[PDB]
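Colleague: The residues making up each chain are set out below.
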Amino acid sequence: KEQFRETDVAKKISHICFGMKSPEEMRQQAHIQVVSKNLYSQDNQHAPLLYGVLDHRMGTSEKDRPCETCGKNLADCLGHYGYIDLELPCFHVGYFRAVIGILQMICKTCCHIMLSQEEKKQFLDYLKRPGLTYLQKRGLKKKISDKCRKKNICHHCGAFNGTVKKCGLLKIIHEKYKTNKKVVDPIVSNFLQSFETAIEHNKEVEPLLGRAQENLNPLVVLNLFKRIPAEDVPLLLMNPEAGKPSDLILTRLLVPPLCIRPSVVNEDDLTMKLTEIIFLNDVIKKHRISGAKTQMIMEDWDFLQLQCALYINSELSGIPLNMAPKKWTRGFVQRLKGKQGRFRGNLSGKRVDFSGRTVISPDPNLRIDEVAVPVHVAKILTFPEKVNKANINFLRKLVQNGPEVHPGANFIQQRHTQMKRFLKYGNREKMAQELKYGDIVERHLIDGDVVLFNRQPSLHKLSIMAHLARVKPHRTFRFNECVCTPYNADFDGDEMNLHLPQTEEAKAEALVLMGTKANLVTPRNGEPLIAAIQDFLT
Amino acid sequence: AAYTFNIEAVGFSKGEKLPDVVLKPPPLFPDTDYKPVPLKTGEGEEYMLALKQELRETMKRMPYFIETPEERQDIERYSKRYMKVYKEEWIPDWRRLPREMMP
Amino acid sequence: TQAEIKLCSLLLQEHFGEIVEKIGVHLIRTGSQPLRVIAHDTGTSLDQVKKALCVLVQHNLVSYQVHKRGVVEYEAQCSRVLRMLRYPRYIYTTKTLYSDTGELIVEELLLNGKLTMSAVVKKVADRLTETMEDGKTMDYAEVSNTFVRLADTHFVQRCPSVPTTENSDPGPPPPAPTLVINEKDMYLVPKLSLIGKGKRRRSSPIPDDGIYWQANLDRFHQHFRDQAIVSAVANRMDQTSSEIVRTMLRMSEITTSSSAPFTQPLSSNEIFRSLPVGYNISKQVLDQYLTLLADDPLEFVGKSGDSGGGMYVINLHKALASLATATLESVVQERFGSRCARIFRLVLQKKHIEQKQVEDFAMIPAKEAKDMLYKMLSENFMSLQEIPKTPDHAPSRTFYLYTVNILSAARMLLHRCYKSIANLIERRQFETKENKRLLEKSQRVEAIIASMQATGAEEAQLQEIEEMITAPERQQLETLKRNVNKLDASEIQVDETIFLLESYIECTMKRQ
Amino acid sequence: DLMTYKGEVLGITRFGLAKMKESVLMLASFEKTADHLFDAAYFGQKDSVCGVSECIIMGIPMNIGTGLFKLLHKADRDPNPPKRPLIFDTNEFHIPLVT
Amino acid sequence: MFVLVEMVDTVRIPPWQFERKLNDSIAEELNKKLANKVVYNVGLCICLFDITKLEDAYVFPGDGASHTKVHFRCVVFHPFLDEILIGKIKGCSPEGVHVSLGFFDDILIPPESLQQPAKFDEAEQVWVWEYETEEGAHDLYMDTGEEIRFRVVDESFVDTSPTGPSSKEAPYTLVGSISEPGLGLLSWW
Amino acid sequence: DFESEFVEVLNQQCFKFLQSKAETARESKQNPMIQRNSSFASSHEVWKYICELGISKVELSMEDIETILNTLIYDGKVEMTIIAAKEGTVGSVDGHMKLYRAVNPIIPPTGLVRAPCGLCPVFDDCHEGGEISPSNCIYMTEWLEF
Amino acid sequence: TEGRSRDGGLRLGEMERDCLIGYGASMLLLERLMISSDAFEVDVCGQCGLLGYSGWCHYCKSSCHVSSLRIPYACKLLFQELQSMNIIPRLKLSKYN
DNA sequence: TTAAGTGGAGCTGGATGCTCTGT
DNA sequence: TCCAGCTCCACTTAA
RNA sequence: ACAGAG
Ligand code: SF4
Ligand SMILES: [Zn+2]
Ligand SMILES: [Zn+2]
Ligand SMILES: [Zn+2]
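Protein chains in written order, with PDB author numbering: chain A, 3 to 267, 275 to 547; chain B, 10 to 112; chain C, 2 to 205, 227 to 534; chain D, 1292 to 1390; chain E, 1 to 167, 180 to 201; chain F, 171 to 316; chain G, 1036 to 1132.
A few of these clues could be false.
Unchecked claim - Partial selection, computed: residues in chain G whose CB lies under 8 Å from chain A:
id: 1; residue: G1038
id: 2; residue: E1051
id: 3; residue: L1063
id: 4; residue: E1066
id: 5; residue: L1068
id: 6; residue: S1072
id: 7; residue: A1074
id: 8; residue: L1086
id: 9; residue: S1089
id: 10; residue: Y1094
id: 11; residue: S1097
id: 12; residue: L1104
id: 13; residue: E1116
id: 14; residue: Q1118
id: 15; residue: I1122
id: 16; residue: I1123
If you are wondering where the hints come from, they were derived from the structure by calculation, not from laboratory data.
Every residue gets a Cβ at the ideal spot worked out from N, C-alpha and C, and that includes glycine.
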């Protein structure tokens, strides 16, 4: 009757292979096409438009309005993508030094790579050895591009190939028609005289015709990169299974889901840049029909090269004065870099719960491995104790005390349910009788819980050790003054942190490895740190 | 509303005649002003068309059309000899072929 | 060359199968590889690699060269697999120029790659029994009489042969025999006194062993290069002007190379005897044509001489540029209108021109010309020059000069044609595959007619064939066949654009 | 020994660390966070999660410390238990039909 | 009429069953997961036949349950092509005859493979078989299911997987035949 | 621009005068060297014909019809040869004179435009399995119908 | 959240992560930074390497390769801030054995 | 005489400590 | 506010 | 954005 299906496919991450998309795998990923520019409808309903940004087919970023692709809330949706078409292509600002890198090696006429036939056999035998590391790859692109830039003629088509270099903000020049004081080459002597009709009406061609070279732009370097042979792609050191050279010039652009850019910041700086990119796809589209000059079309195109650059990195160097931004916005790079980025601010170190912070004060009547937790913090902090055969009589009494008397419990969770009955209400004498095995009682922090303890400038590993908690009626963290040497605490208005581990394995790694009785000596030179101090020596 | 860039560097010196807002996206297949030029006919152009479709049926039958071998047959039966696909096998000139290619 | 590898993925699948195209595409895509890694990087068994390599080394599609340590590497020819599309144009151009025997000689060579002369004269004479009747068999003399006339005109060339191991390196056997071309005996046919009769398929030692013959594809492309030039003159000036062009290129068949900007100069004293005598023309009127064809600024022909009366040359590379221009400007009119092709002819002539001069010189106003300028920079028919005043290269202080480049637009136009044919094959294979229920049902009603056609075939089997439910379904099978016949024919006619484009791209490359 | 195990004295800058460590997220978690990401996109560089700093990002337990070894449970188990004998399809009664 | 199917699987044993021999707890867990279900390409699994190899019982971090990879063999109802079976009828329909085979129920005798002297009913569900001398057009296929003997000619696998995000077709179908002389009801031959 | 509504009719009027004058040279067939010279038209000859036809009230000046015939060159329909003014009825350039003749195109139209792929405005967005695909295209299924 | 006014919660910073490595504490460093901050699961298509939803890869249009994965939410945010930049983080998932 | 490989000089882009507590 | 890479330009050897 | 505290 019913086909077998594997129930829970838990899998482990083996490797991450970075890459890029073709501009028509963006269409296969996204759900809608974004064409409109306005954020909300003009009426008092405050509803988002149907084919612009903040469309809720791409997700949701508030509790009130659900999503439209999956019909699920903010808590459950993984977010969904859209896309934007561009009327003219633009450089991706991240790969711009890689588009120049490909152009310095391939021929600018036949799109083959400027190498001799023997040199291709040398490097493609180097690329067959197993275990090729990422350092060995980045050195090889240096060795290959240095061999291409020593040649000026192609071994396959024979056309001349000059230097390829940057000539301003997001502009690429190719000096095909270089001249010297020597005998003039025949192919450059044709270019300097074929300007005949332009000199007839325009006088200023004559001083400027010597400075005319081939100016590359995303209409042309897109068309060159489609004609690179696939045999000559790994000599550009691009893995052709993760990306192609045609993908470095964007012509279509994914927009992020709405949970990447929440609706109350009102709108995010990424949404406001996506408005200006949609708006410039109508400014260019109108000027191509209403007959603007070539001086205006290029300027509009440049604005679109700038607005897709500031959308990615809003800290460029060579922005012109008439096109510099007035205020500072976040691109994607600024919300990845720095101390307040993702990697340092939200990934390597992040805010945790089941933690406290109080002024400290001394107490020598405790042991060297105990700490005195105030009762106001011991009622808030909870450890989820599972019900089994050894602790059922204890946890029934800790449920019967309830959330207000100290050896008590704040929550209770059924066996195969994910919903926590808040134990302040109901009759706790009934919920204590119904404790089955496998239920979780979230008891308060009691005497004997392994708890971490931390003074904040943490210079060595003994700045955070684990103690055994004891509840006492005042309002400070308290410990024996022999422990004041590793933390470098001094009781002059000092705040230390606390962390209650929430797992049995997190307990046992904290007790065996991180206890005070197992960290008496410093790991630096083997000298004891937990020892006596003033008035215990005197 | 005002943007980050200057509109006056983009254009719009009068301050009016801004482009309209696209409400619905353009269709997948925008209609064409011009049509395909019709094909060339004649007694030469049609015989090549007749010869082309004969080459598909021919080269699919020749033994150079190396089909994929069958597998995962379930049981054996006496009707295998009645279902044996017979076809003559071509053998190359191994003097022209390299030594590493003998079966 | 993503369009080339996509199109070669279809031509290997239709003509050779599926477990050969995985070997065939991988050799085009990556490069020359030894044999052990092709089984690794693709995943087939090592025996199926040897089957797929012996079918690709047969049809002259992959080569092999010995390298260091005696390994053999296989290198595919991407240009050769695309010439499998021009097979019906090859079998027809040997039907116009040669007899129907010679039509079948080229056909057995293109369908087996390499054959001996003794094998092809047997197989053609066997297949010509169907074309004849009434006691007349086909004999091996008149087949070979057509065969040796081909080798005189170089349409069939000898393959590169095996080396003589008794003369060069006797002893240990090499892994690969390292074949080599011999210029002298490419067309020096072996003599065959052995005759016989073609068997009529009744169904009830070799002196040129090793001498394999193959089709010379470079000869046809020299021949097709003529008709592109000859029929161009036939449209411009005159048919008598065209036969003179036809006369000179036929004389230039054996005496020049296939890549020469200027052919051998022929004097007008010997063109006159070379022309067919049906043209009532004098020597002086012959000198009138040669001085008015020299007056053409298209320079199909030139003077290039003074001795021997009227010395004249006919141009080869410059004649292709006049055709590739007409190839490139025929698509600008049909895609963007006649008024847009006025600009594409304007900016081509005046080599660097701006917006204001185009609207003046072509009498097309603003906002209608500028739309026809801007839809061509996005389609890469036309480029800007961008002469700056400052090294800042700011857009508000510079001049944008429009420019049409023939070479960059011809390589672009060729790349569209490869994808254009691959889309036609994909549409045909889509409608063929989705009617696999219709075609097999129409096959089973014909199999009752095909099987038991004469032996015990009663007359009461002709009414149960249309009786099946395929009777209203014949509307779709006729709608099928009118679709397949149009897409196959459009697949052939795009190759006319490829040859006019690829010859111009090939001839402009110095290949140093 | 960490500075001099690649034959050359390497700093503890971002320049010496770019030549020693191979993990991409370890490089991008320290300095020049943008450029390593576009370089790994360009080269198509794949990245294992074997390093310590990207085990912390991806949420899998790290390899040093208590993650170096694997634990087995000592259950009462009999590997390779006595197999059930087939009765019909044994090999001695079913010699094939074809020659 | 069955085949053994050799499979591999990773089985979670929760820690309250560490009192019991692991060879017994695996066999109970694999029968709770594979019984009465049609695996896609191989058919309908009845029960576990035996365990053939039992690898190590790891304990992963974040859990106390022992995971072990199990090699085993499972008995599967999967009749080969052109096999002769015996079974009862479920009923009749204009689409065909529904044949019940004990545990299994989806066996369609198509009207194109019925015995030829009757091919269509008189706007009635119950199918007939017209013999000339005796029982013309009334020899009926009873819905109570007297035993027939049929010959399987076609089997089909439809992939019952979700098409689309989350928030009943028959997966293992079988087409028999009756037109051969000697097939049919056990009374007739 | 002068007028798009005005020069649009001269394109089909001036070409017919270069066609019939080339047609009568084709019907002459006396001497093919002289038949070529019989096809050339004087720039002053073609100008005095169009103003005789009576199209507009405004006078068609010779300096304008000298430039409207260049659009017949740019449409690829006629040629232009400049000869010396050794003898002429006008010889409007000092020492020079122009001559026009109607010609044919070089080739029949290419095979790319006969397929619908060469004319497609969304050619770059078409792939094998996505939304825009040859297996479900409108531009072929229209073209396959007629 | 951040501070005492917002019922914030304290910060295992960059330096306190370095102390827990020195003890060799692996599961405690897992519990602090995954289990008790931002634990989350995603549907991953093991064929194309991209993120899917609800057991449905919209890229491949299938349900035969989707799989669950235990990931911190700030990395799922990273795996969607990188695709908008066109730096695609393609995954390959093996079994957890 | 000049082709070319390598020094020295200027330009460019990157980075600069950990937390809470309030306005 | 300080410091590695990248690129431009004279300066010998060698033919 | 500023001031504090250790
Ligand atoms: S959309 Fe269809 S008709 Fe148009 S180019 Fe693509 S495949 Fe050809
Ligand atoms: Zn959603
Ligand atoms: Zn080149
Ligand atoms: Zn997928």
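Colleague: State for each hint whether it applies.
Modeller: The hints, checked one at a time:
| no. | hint | result |
| --- | --- | --- |
| 1 | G1038 | violated, 10 Å |
| 2 | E1051 | holds, 5 Å |
| 3 | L1063 | holds, 5 Å |
| 4 | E1066 | holds, 4 Å |
| 5 | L1068 | holds, 6 Å |
| 6 | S1072 | holds, 5 Å |
| 7 | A1074 | violated, 11 Å |
| 8 | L1086 | holds, 6 Å |
| 9 | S1089 | holds, 6 Å |
| 10 | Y1094 | holds, 5 Å |
| 11 | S1097 | violated, 13 Å |
| 12 | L1104 | holds, 6 Å |
| 13 | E1116 | holds, 6 Å |
| 14 | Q1118 | holds, 6 Å |
| 15 | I1122 | holds, 6 Å |
| 16 | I1123 | holds, 5 Å |
Violated hints for the displayed structure, listed by number in ascending order: 1, 7 and 11.
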